[PDB]
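K.L.:
Chain by chain, the residues run as shown.
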Amino acid sequence: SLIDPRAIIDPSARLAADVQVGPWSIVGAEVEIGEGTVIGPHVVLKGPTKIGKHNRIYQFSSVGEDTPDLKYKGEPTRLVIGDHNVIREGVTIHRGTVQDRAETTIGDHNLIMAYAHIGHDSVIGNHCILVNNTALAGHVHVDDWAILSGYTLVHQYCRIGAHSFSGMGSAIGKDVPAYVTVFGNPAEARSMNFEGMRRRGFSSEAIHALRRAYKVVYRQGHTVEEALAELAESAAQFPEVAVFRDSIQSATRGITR
Amino acid sequence: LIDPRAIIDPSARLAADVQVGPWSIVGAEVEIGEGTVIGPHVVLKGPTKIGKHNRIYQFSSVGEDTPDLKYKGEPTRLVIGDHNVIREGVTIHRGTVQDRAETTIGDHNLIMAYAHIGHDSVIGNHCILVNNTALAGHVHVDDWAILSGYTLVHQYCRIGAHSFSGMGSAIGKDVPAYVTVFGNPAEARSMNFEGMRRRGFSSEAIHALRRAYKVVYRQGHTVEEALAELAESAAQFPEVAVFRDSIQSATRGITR
Amino acid sequence: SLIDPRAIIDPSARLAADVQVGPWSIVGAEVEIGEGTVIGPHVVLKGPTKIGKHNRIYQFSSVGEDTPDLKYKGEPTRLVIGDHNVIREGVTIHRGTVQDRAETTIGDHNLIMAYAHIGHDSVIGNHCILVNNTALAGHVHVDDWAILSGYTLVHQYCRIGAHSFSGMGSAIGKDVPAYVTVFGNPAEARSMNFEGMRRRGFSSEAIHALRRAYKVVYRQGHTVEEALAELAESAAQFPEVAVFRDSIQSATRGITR
Ligand SMILES: O=C(Nc1nnn[nH]1)[C@@H]1CN(S(=O)(=O)c2cccc(C(F)(F)F)c2)Cc2ccccc21
Ligand SMILES: O=C(Nc1nnn[nH]1)[C@@H]1CN(S(=O)(=O)c2cccc(C(F)(F)F)c2)Cc2ccccc21
Ligand SMILES: O=C(Nc1nnn[nH]1)[C@@H]1CN(S(=O)(=O)c2cccc(C(F)(F)F)c2)Cc2ccccc21
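Protein chains in written order, with PDB author numbering: chain A, 2 to 258; chain C, 3 to 258; chain B, 2 to 258.
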């Protein structure tokens with residue numbers, strides 16, 4: 002059948018139609034797996050965890066584990082994963098902490114590559130790519146279409162804006178605004194993901210307004226308040242520029258410069 | 003307690019309270035002490051001693067041979083203390099004869115996902131190795147040391163008591179006790195003042211250490227000039243002696 | 002017997018007579034293992050894949066999985082491993098893509114340490130060392146005797162020259178010429194692997210010629226074509242200098258400086 006007899010399914014666990022579990026996989030108590038989701042061999046799922054439809058989870062992944070501690074501490078804490086996600090070999094995903102959200106949240110159509118770490122209370126949106134060995138410390142918010150290149154380290158509470166790009170080996174300590182490309186340890190803003198805008202079919206008017214929006218924030222010596230005021234008009238014409246202005250507005254503890 | 007789908011070698015030695023998850027291998031000459039929980043999918047190889055009330059998580063390879071070419075199959079050891087947590091996919095290699103033929107881990111150590119503890123490494127107590135920390139080999143980590151995620155330590159380096167390394171740090175030279183280091187290559191920034199307050203250090207002892215840092219790092223002295231300047235502060239404050247002693251035992255230089 | 006009864010051997014799998022396979026290992030369809038090869042417990046082998054003779058593959062390794070790269074669409078691509086290779090704990094090796102030569106290729110006597118990654122369409126030669134957590138993004142050519150120390154990151158299409166050395170935590174966006182020593186993120190050219198050359202028994206005359214060849218490429222203000230021209234004489238005299246000159250000539254992303 003679809004359920005390999007060498008897998009251990011806890012009596013409390015809930016499996017929907019067309020679910021596959023490979024051999025020697027543990028689907029622990031309070032884990033719920035959605036329609037057509039494929040669990041490979043040698044996977045550990047721990048709950049309380051909700052996984053949606055048409056997901057693929059590869060061998061050696063630990064999905065819904067507790068955040069590391071010298072002692073067991075703080076539950077019920079949730080992990081929620083949406084639909085059409087690919088979680089590759091040996092990925093670690095921790096559930097939330099009772100102190101903060103009490104939930105780690107992953108949306109839809111995300112690709113999390115081998116040995117990536119998703120820390121407690123982190124929130125991933127849709128259509129994101131975390132390349133090999135990307136580590137989100139915890140309480141990290143990754144917005145839609147963001148790409149973290151291989152071995153990107155993100156500090157606790159940092160926001161990764163929509164359509165942003167972090168070069169491989171980047172260590173991020175401050176918010177990355179929407180569309181911004183960052184590199185190095187510590188991470189420095191370089192340009193914008195113009196490549197990614199074109200692959201999203203952004204009007205060349207929107208891309209040119211986003212180029213000027215970069216220069217307003219990074220290049221003209223403005224305060225953030227002065228920048229937000231200078232962007233207000235562009236943000237009103239282009240929803241794309243508003244995503245950018247909003248990412249800067251939301252950064253209380255400062256942006257990656 | 004011992005899951006029937008685990009392979010326990012005849013010559014393994016497990017206390018009554020020990021839990022072994024399914025699909026785990028307790029290899030030849032593996033001692034495991036009372037209260038220790040071995041998760042599923044764990045490979046333990048010997049000769050290895052594991053103390054008490056330890057927790058080893060799935061996909062961990064504890065007590066394998068180093069691939070370091072200078073190792074040639076000698077019966078070298080791995081000792082682990084008590085109340086240690088070893089997380090998902092941690093690799094801990096046994097020692098080599100060229101040193102002391104032992105990798106040593108003490109008590110109350112938190113070793114997070116995919117950390118590497120190379121051959122002959124000595125970790126003390128209440129240490130934190132965050133995800134993907136790599137100790138290349140012969141690395142001595144002293145009590146209360148914290149190495150942040152993806153911290154790389156070159157062979158033979160000493161990580162001082164209460165020292166802290168920023169994430170993605172690459173350490174080539176000894177880190178003195180209490181010192182904070184960041185970047186590739188690693189550079190001294192300040193003292194672990196949080197760590198001192200964690201331990202309940204006197205505001206005297208913290209002020210003495212704040213000064214001691216300036217003597218070594220900020221006053222354009224040499225190491226020899228600096229050691230002599232500290233010797234009185236060191237004699238008065240056992241806390242300052244830990245710092246001064248870590249600089250003296252640094253024969254291959256300190257992280258500046 | 003040598004195949005553990007808890008192992009899963011696909012009917013279509015071809016194992017030489019003395020092949021060992023540890024418990025809860027998977028030898029999938031169209032996987033060939035040559036004589037002497039030992040597979041440890043908890044190993045996943047997917048095909049189409051050819052593993053040669055006297056190889057050792059450690060636990061938690063995923064050898065021959067599909068690349069998550071979005072351009073691969075389930076085409077029947079290959080992985081080929083030669084003889085006398087050691088693959089340590091948790092290594093990932095993906096098969097090729099039809100956009101290149103539909104093959105990922107490893108030669109002989111290579112040491113690939115724990116959690117190292119070998120991306121689609123990568124070509125490793127002989128006597129290479131990939132230290133812990135080294136990652137080749139894809140289409141990476143590593144020539145014979147190349148050392149990549151721990152957590153070395155290699156961008157797609159980068160060529161790592163013969164007897165080259167990359168320091169711990171290096172991030173390589175451009176070709177590493179043969180013999181050259183690189184460090185840092187981004188990677189920086191800092192002289193040549195003279196201790197490597199003296200160890201493998203290179204002549205004093207050859208080492209002295211490589212020393213001058215280095216000055217011509219890096220220290221004489223020459224553009225690459227001006228340099229390739231000046232090396233032409235010395236490359237005709239010494240094979241080592243030809244390998245060096247050849248590595249520079251075949252740089253598609255430029256060279257590490
Ligand atoms: O194209 C890109 N270039 C880039 N990275 N950093 N700076 N520039 C990124 C990175 N990659 S990748 O190189 O193929 C890759 C895959 C596995 C492992 C790694 C490694 F670990 F970094 F080595 C890299 C995947 C990817 C997928 C969609 C969009 C952009 C990218
Ligand atoms: O604060 C700290 N390191 C720091 N700060 N600035 N530079 N490096 C360390 C690190 N953390 S962490 O960020 O929550 C964490 C957890 C898992 C993975 C990672 C990652 F892999 F680095 F991304 C980070 C866990 C932790 C727990 C008690 C004491 C100190 C620490
Ligand atoms: O000797 C060397 N020195 C050097 N590397 N980078 N800069 N200097 C390299 C690196 N080493 S290693 O330190 O013993 C080692 C082993 C496992 C893990 C690591 C770590 F992950 F980086 F921490 C390091 C293993 C090794 C083996 C053959 C040839 C050269 C090397």
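What the hints contain is simulated information worked out from the structure, not anything from laboratory work. Just so you know, even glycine gets a beta-carbon here, dropped at the ideal spot from N, CA and C. Treat the hints loosely; a few may be bogus.
As the list claims (entries may be wrong) - What follows is a list of derived Cβ distance ranges for each label pair: (1) C:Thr253 / A:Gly75: 28 to 34 Å; (2) A:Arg220 / B:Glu76: 51 to 57 Å; (3) A:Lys74 / B:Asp11: 39 to 45 Å; (4) A:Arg213 / B:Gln157: 27 to 33 Å; (5) C:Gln157 / A:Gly75: 35 to 41 Å.
As the list claims (entries may be wrong) - Computed list of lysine-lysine pairs in BS3-like fashion (alpha-carbon distance at most 27 Å, straight line): (6) A:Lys216 / A:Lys175; (7) A:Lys72 / C:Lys74; (8) C:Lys72 / B:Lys72; (9) B:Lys175 / B:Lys216; (10) A:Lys72 / C:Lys51; (11) B:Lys72 / B:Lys175; (12) B:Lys74 / A:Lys54; (13) A:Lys74 / C:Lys72; (14) C:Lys74 / B:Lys72; (15) B:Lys54 / B:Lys72; (16) B:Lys51 / B:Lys72.
What the hints assert, rightly or not - Taking beta-carbon pairs under 8 Å as the criterion, some of the chain B residues facing chain A (in silico): (17) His43; (18) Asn134; (19) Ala172; (20) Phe195; (21) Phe239; (22) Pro240; (23) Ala243; (24) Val244.
K.L.:
Next step is simple, just say for each hint if it's right about the structure.
P.N.:
Hint by hint, here is what the structure shows:
The hinted window of 28 to 34 Å between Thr253 (chain C) and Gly75 (chain A) is violated, with their beta carbons roughly 45 Å apart. Distance hint for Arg220 (chain A) and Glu76 (chain B): a CB-CB separation of about 45 Å, inconsistent with the stated range 51 to 57 Å. At about 44 Å, the beta-carbon gap between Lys74 (chain A) and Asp11 (chain B) stays in the expected band of 39 to 45 Å. At roughly 32 Å, the beta-carbon separation of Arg213 (chain A) and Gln157 (chain B) lies within the given 27 to 33 Å, and the hint holds.
At roughly 38 Å, the beta-carbon separation of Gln157 (chain C) and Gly75 (chain A) lies within the given 35 to 41 Å, and the hint holds. With a C-alpha separation of about 19 Å, the suggested pairing of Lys216 (chain A) with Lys175 (chain A) holds against the 27 Å cut-off. In summary, the hint linking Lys72 (chain A) to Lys74 (chain C) is not supported, as the alpha carbons are separated by about 39 Å, beyond the 27 Å threshold. Of the pairs offered as hints, the one joining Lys72 (chain C) and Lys72 (chain B) is violated, with about 43 Å between alpha carbons and a cut-off of 27 Å exceeded.
Between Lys175 (chain B) and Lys216 (chain B) the CA atoms are separated by roughly 19 Å; this keeps the pair inside 27 Å, and the hint holds. Between the alpha carbons of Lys72 (chain A) and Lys51 (chain C) the distance comes to roughly 22 Å, so the proposed pair stays at or under 27 Å and holds. As the CA atoms of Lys72 (chain B) and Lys175 (chain B) are separated by approximately 23 Å, the hinted pair is consistent with the 27 Å bound. This hinted pair checks out: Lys74 (chain B) and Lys54 (chain A) have alpha carbons roughly 21 Å apart, not beyond 27 Å.
At roughly 43 Å between alpha-carbon atoms, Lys74 (chain A) and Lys72 (chain C) are farther apart than 27 Å, so this suggested pair is violated. Simply put, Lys74 (chain C) and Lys72 (chain B) have alpha-carbon atoms about 44 Å apart, too far for the 27 Å limit, and the pair is violated. Distance hint between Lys54 (chain B) and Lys72 (chain B) is unfulfilled; the C-alpha atoms sit about 32 Å from each other, more than 27 Å. Between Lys51 (chain B) and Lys72 (chain B), the direct Cα distance comes to roughly 23 Å. Compliance with the 27 Å bound is thereby established for this hinted pair.
Proximity of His43 (chain B) to chain A holds as hinted, the smallest CB-CB distance being about 6 Å (cut-off 8 Å). Annotation: interface hint on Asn134 (chain B) holds; nearest CB of chain A at approximately 7 Å, less than 8 Å. Satisfaction of the interface hint for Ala172 (chain B) is found here, the shortest Cβ-Cβ separation to chain A being roughly 4 Å, below the 8 Å cut-off. Using the Cβ-Cβ criterion of 8 Å, the hint placing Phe195 (chain B) at the interface with chain A is not satisfied: the shortest such distance is roughly 27 Å.
Hint on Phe239 (chain B) is violated. Least Cβ distance to chain A is approximately 35 Å, over the 8 Å limit. Proximity of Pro240 (chain B) to chain A is violated relative to the hint, the smallest CB-CB distance being about 34 Å (cut-off 8 Å). For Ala243 (chain B), the interface hint is violated, the least distance from its beta-carbon to any beta-carbon of chain A being 32 Å, above 8 Å. Given the 8 Å rule on beta carbons, the hint for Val244 (chain B) is violated: about 28 Å separates it from the nearest Cβ of chain A.
Going down the numbered hints, you'll see the structure goes against 1, 2, 7, 8, 13, 14, 15, 20, 21, 22, 23, 24, while the others check out.
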